[PDB]
Amino acid sequence: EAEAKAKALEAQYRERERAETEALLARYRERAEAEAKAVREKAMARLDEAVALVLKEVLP
Amino acid sequence: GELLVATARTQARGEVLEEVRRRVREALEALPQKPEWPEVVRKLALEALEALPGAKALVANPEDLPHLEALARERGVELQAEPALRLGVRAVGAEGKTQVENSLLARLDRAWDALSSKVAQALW
Amino acid sequence: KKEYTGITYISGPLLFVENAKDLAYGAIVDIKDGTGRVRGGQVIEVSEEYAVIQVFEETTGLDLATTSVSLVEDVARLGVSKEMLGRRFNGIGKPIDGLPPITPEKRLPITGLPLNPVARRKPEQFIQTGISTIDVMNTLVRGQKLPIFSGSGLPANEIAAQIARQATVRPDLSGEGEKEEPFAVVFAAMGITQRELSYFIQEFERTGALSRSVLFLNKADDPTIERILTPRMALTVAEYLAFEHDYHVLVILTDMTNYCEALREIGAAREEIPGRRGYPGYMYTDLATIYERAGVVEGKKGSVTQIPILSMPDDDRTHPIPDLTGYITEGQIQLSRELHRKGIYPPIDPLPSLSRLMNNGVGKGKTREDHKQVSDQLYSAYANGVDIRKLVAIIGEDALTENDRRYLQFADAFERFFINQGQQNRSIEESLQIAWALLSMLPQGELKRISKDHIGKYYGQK
Amino acid sequence: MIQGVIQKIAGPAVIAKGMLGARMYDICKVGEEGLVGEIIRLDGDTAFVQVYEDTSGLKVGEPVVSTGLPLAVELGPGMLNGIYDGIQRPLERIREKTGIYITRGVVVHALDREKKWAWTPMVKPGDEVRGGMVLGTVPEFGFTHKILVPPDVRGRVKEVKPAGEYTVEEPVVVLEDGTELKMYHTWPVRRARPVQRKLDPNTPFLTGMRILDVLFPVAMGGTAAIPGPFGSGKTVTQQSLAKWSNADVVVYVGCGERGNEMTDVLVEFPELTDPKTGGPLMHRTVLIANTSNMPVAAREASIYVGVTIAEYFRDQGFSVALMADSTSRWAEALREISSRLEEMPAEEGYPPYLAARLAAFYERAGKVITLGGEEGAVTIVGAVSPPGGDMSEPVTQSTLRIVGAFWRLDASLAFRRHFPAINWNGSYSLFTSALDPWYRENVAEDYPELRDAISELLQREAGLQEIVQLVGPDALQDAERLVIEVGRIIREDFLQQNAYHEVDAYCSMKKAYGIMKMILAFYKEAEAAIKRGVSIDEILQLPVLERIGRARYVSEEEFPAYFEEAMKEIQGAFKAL
Ligand SMILES: Nc1ncnc2c1ncn2[C@@H]1O[C@H](COP(=O)(O)OP(=O)(O)O)[C@@H](O)[C@H]1O
Ligand SMILES: [Mg+2]
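Residue numbers (UniProt numbering), protein chains in the order written: chain V, 61 to 120; chain H, 64 to 187; chain P, 5 to 466; chain F, 1 to 577.
Since the hints were made in silico from the structure, they are not lab data.
Even for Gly, the Cβ is constructed at its ideal location relative to N, Cα and C.
No false leads were mixed into what you were given.
Every beta carbon over 10 Å from chain H, so not counted as near; a handful from chain P, in silico:
1. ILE100
2. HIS249
3. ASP320
4. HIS323
5. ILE392
6. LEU446
Sample of chain F residues facing chain P (criterion: CB under 7 Å; computed from the structure):
7. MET24
8. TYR25
9. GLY44
10. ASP200
11. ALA346
12. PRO352
13. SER392
14. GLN397
15. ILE402
16. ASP452
17. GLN459
18. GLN477
19. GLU480
This is chain V alone, in the form it adopts within the complex:
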């Protein structure tokens, strides 16, 4: 009885941690994708004047 209840709680908590890992997993995929968008959006609004800065350093 004791070893049966042991492996029953073992399998149930396997599957519980599997759901935990998959939930935080998909959360952090969406998190990294949203942050990649959140930075490459910020890329565009300061492009040409920074290029003028580097062009003024390179051609001094």
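Assemble the complex: chain V is given as a structure, and chains H, P and F with the ligands must be docked to it using the hints.
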């Protein structure tokens, strides 16, 4: 998960800097047919002289052989025309065994790490 | 942007460059072959007539007609930033992890400076390293540089990876200062098999303990001068982080024997006389240069702990490499063939292995107040367990006293419950707990190194 | 191309002047006889050509013509069932041309030309082949020998000649350019064939020796260094590895080792049978031979040619072993032509860059996934001959830091004929950890347990040898004289193997599992029966362990039923004491 988040952040950081470097490269490679480049070439030409005193020869793009003729005879040096050296000049000094090179592409490849730290500061 | 063409005399790893005098001594050069390939060289012996360049890589395609050199970074430096803590580097400083390169805050010279001997304090706290027979019997204090004298075929790289992903400070064991220090592992492997390089990439990125570390790796087939420059790189990155951003930092220098072989085979390139037993005479100074750049600092809130792991050459302690290492460092810990292949991991053995600074790193509010006495007691008990286990072959089990058979059972079970750790993240309280469970098999009263306060408090419980 | 004249001759070193502008490592043609040579150390006008044949009768003024190419092998179909020398010249062709001596100055091709191979095409026209995509197949003695795109060649295939009988010159696949792709292609010996991605060692190299497969294993992408004094069974061991192991092809690189132990290899491999399929064993060995009186600069070329032919057969999805005996003869060739550069040498006399060379050679091993997508693996077994018979040299203690699987021989085990003379006390293998999955899913489930028990019994024996030679094998306790006698019977049964017996030459690992299970069943129940209290004379005269002492001579067919009955008698002869 936090380490993958940091990987995505540094990846985005690097590709925005790749965008910046690429558009600087395109502005550089679009310079020599816009109405400034015979004012561009003289500065780096005389500075290729002054970075190696005692030159004998210069060689650069033959599209502005006039601006390398009548503004470098006072520089007192051979001028020989060989293309394939885009945006600049190179100076062969004395005894034929030294060659200072000078190009805006070369200056970008020498200055881009320092300007990358500076652009990342003034950009983020 | 300034080629010095006109070179003469290539010879093995040395090419000479004519008519060059702006080449700073110890500069780095791009050697460009005439077919568009770039190599590295270090400038040595720059004179009026010429300047010698020791080429980094092989010399195959070079010639005299079309071969140019040019200067980059005239004294050796690296670009350091705070955001290099998820990265690998190739000895020079270029990544091999595929991520786009860092935005360098500072630009530091990879040759360091000696600390000012008034400007440091003594090391006084401790660190846990997961290994029980390090945490209890020869403690790693923050500032110590203790080397792991491996063998040849013993696991040293596995203990490297284990200490790398299991070291943690314990400020809760202190009088509860802040957690404002994070921890940082600077891991510098020089001269590795590349099988071990696959082992280090997977054993760092596996558990997600790469995110507080930085791996300066280079293979064996990579050129020898990167195996020179690698511990300079790692100690100057760690010195930057620990004295500019207040991190307790642990620096793991893998395989110092590969370093000293590369130092011999780069000393013999530029034609200086090898001194004792083939090694250069300045090996003591050059090796102390990369040991004595660790340690705490007065006033600042950092500490640089340093573990040089080194193979013994022909497993003796009279060779120049472990002789000078034990003649510079702070004690040693030592693996053993005997434990390893009667089957034990990690195979540290606590008889010949000591730490100098343990008496300053344990005690009142450091880790636990009974620590040093249990250290001495475990040492003497395993000491007279080994030789009584060796004597019992020629007298017999049933022809001793009784406490001596208790010592024999203690030693035989000691070296498979205390040293046979396996891989569990063994804390300091758990390891002292199992140390008292092992001391319980000795009779009370026979523990003649501990006063009865800690005896009555802790002893008895298996 | 580039003309020069000889300024100086000394031995195999010819300083040739006037060669303003040749590169390093370009093969020269020295003298009017067309001697092969190699450029090092050029300073202005001169260049320093070492030569691959003995200069005698060469005189100054004679011309030197460079080529511009570095030392290039010609790779293709036609190297299996082959003997070459250090610059890939076929010795059957040299015997057909000359008599029984090797006259210098000969030009022969690295692959024969008139032999009509049998092209089967693979790719349809119009495809965009990358460097390393396959092109077609050729049956080459039971191996479906592929024909690669050479590395660093990209394009679109226009034409493909059909499934016919062709020759190795004839261009079968022309790209869109006119860049055509014939069967053979040259490749420089100093660049590893650039591979896609290098996998990890997780699969054994089944040797056939028992100790070299049970106590000290070699994985698939592994390296293995076998050093030993003279007269210690190196070359019989390496012929056993070439003869019985599970590799697809075997590259035997004779480098400084004597003539007769490649003569007999040419004489007795054509009668043998491959253990993998039914082909004759000489149809899977490439055999590069540089004997000692063949000239003393070619040794470097012979080892680099053997390892790059092995890398070519790695790219074709095969699985290669490379047995390079006497790497220290290549160290001596580097010392000898580093004695005419008059440079300052390192420790012992050797040049400084010797560890750089040994690293750059032992790091072409490793199981890889190649350019074609299919995976392959070169394993390398390198022998080391120390000068004094002392593993404290700059050869051995530069090569023991970059290898796993170090098999240190000794002379004392080979003075009496206890072969192979593996000194167990100082050998190791770093592939015991990361191979136990394969051992579990292919030999037996309890194989690590049994193996580690064998290891700790041998360690406990070699810990008690101290006491037993300081006091004597009498006046002991009887519970450890069983340890010493089980160590004695494991050294007389499990480790000791004669290669020339018809059986026990080869020993697959279920037989070794059977013998170890017999020995440890005996030791477990014997220490049980001695804690019951018996003699130890009464153990060492049982009729149950002459069975054990003969239990390596049964074949791999009788060994199951023989194993069941020996196991039965060991389980049944201890209750009767
Ligand atoms: N596996 C073996 N079984 C029995 N005898 C062996 C074995 N290996 C070597 N020997 C004996 O030792 C000799 C060693 O030959 P060889 O390997 O050429 O010497 P070296 O070890 O110096 O190369 C052989 O001729 C043979 O008589
Ligand atoms: Mg031999």
